[PDB]
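**Student:** One-letter residues, chain by chain:
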Amino acid sequence: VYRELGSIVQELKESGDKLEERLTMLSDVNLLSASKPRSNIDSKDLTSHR
Amino acid sequence: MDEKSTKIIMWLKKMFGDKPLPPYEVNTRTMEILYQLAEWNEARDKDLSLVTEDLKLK
Numbered sequence: 399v400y401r402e403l404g405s406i407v408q409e410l411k412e413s414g415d416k417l418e419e420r421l422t423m424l425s426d427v428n429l430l431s432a433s434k435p436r437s438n439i440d441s442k443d444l445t446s447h448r
Numbered sequence: 001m002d003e004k005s006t007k008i009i010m011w012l013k014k015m016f017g018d019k020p021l022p023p024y025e026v027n028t029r030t031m032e033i034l035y036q037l038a039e040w041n042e043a044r045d046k047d048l049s050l051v052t053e054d055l056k057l058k
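Residue numbers (the deposited numbering), protein chains in the order written: chain B, 399 to 448; chain A, 1 to 58.
Everything labelled a hint here was simulated from the structure, so no lab data went into it.
It is possible that some hints are incorrect.
[Stated by the list, open to error] When the alpha-carbon atoms are kept at most 25 Å apart in a straight line, the in silico BS3-like pairs for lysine-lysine are as follows:
{"hint": "1", "chain 1": "A", "residue 1": "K19", "chain 2": "A", "residue 2": "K46"}
{"hint": "2", "chain 1": "A", "residue 1": "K4", "chain 2": "A", "residue 2": "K14"}
{"hint": "3", "chain 1": "A", "residue 1": "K46", "chain 2": "B", "residue 2": "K442"}
{"hint": "4", "chain 1": "A", "residue 1": "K58", "chain 2": "A", "residue 2": "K46"}
{"hint": "5", "chain 1": "A", "residue 1": "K4", "chain 2": "A", "residue 2": "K56"}
{"hint": "6", "chain 1": "A", "residue 1": "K19", "chain 2": "A", "residue 2": "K4"}
{"hint": "7", "chain 1": "B", "residue 1": "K442", "chain 2": "A", "residue 2": "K56"}
{"hint": "8", "chain 1": "A", "residue 1": "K19", "chain 2": "A", "residue 2": "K7"}
{"hint": "9", "chain 1": "A", "residue 1": "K4", "chain 2": "B", "residue 2": "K442"}
[What the hints assert, rightly or not] Just the calculated beta-carbon pair ranges, DEER-fashion:
{"hint": "10", "chain 1": "A", "residue 1": "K14", "chain 2": "B", "residue 2": "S433", "range": "25 to 35 Å"}
{"hint": "11", "chain 1": "B", "residue 1": "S433", "chain 2": "A", "residue 2": "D47", "range": "31 to 41 Å"}
{"hint": "12", "chain 1": "A", "residue 1": "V51", "chain 2": "B", "residue 2": "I439", "range": "45 to 55 Å"}
{"hint": "13", "chain 1": "A", "residue 1": "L50", "chain 2": "B", "residue 2": "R436", "range": "14 to 24 Å"}
Just so it is clear, CB atoms sit at the ideal spot from N, CA and C, and this is done for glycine as well.
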């Protein structure tokens with residue numbers, strides 16, 4: 399009984415960890431919709447600087 | 001006149017590289033023309049460099 403409950407807890411834990419990882423990824427600011435273009439030209443935008 | 005003259009001589013040295021600068025009549029008019037030309041070339045060289053780098057990126 400102890401081995402069986404142990405397996406169920408592990409499966410739930412692995413699923414829980416994977417979910418947290420995905421949520422963290424989806425909350426990345428660069429992925430989030432059309433923030434109003436930045437008013438300042440990004441240092442990485444070489445064309446606008448030129 | 002002494003500053004414009006220096007700019008012209010430096011510019012001519014840059015353009016003619018390792019070749020001895022040819023002797024020319026240094027008068028007020030020849031210096032003005034050379035000076036306008038030097039300013040124009042410098043401004044265009046800058047513009048062309050920026051365009052060339054951008055085209056590489058594109």
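**Student:** Against each hint, give a clear statement of whether it holds in the structure.
**Tutor:** Here is how each hint holds up against the structure:
no. : hint                       : in the structure
1   : A/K19 - A/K46              : holds (24 Å)
2   : A/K4 - A/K14               : holds (15 Å)
3   : A/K46 - B/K442             : holds (21 Å)
4   : A/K58 - A/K46              : holds (19 Å)
5   : A/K4 - A/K56               : violated (35 Å)
6   : A/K19 - A/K4               : holds (22 Å)
7   : B/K442 - A/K56             : holds (16 Å)
8   : A/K19 - A/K7               : holds (18 Å)
9   : A/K4 - B/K442              : violated (38 Å)
10  : A/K14 - B/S433: 25 to 35 Å : violated (47 Å)
11  : B/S433 - A/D47: 31 to 41 Å : holds (34 Å)
12  : A/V51 - B/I439: 45 to 55 Å : violated (19 Å)
13  : A/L50 - B/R436: 14 to 24 Å : holds (23 Å)
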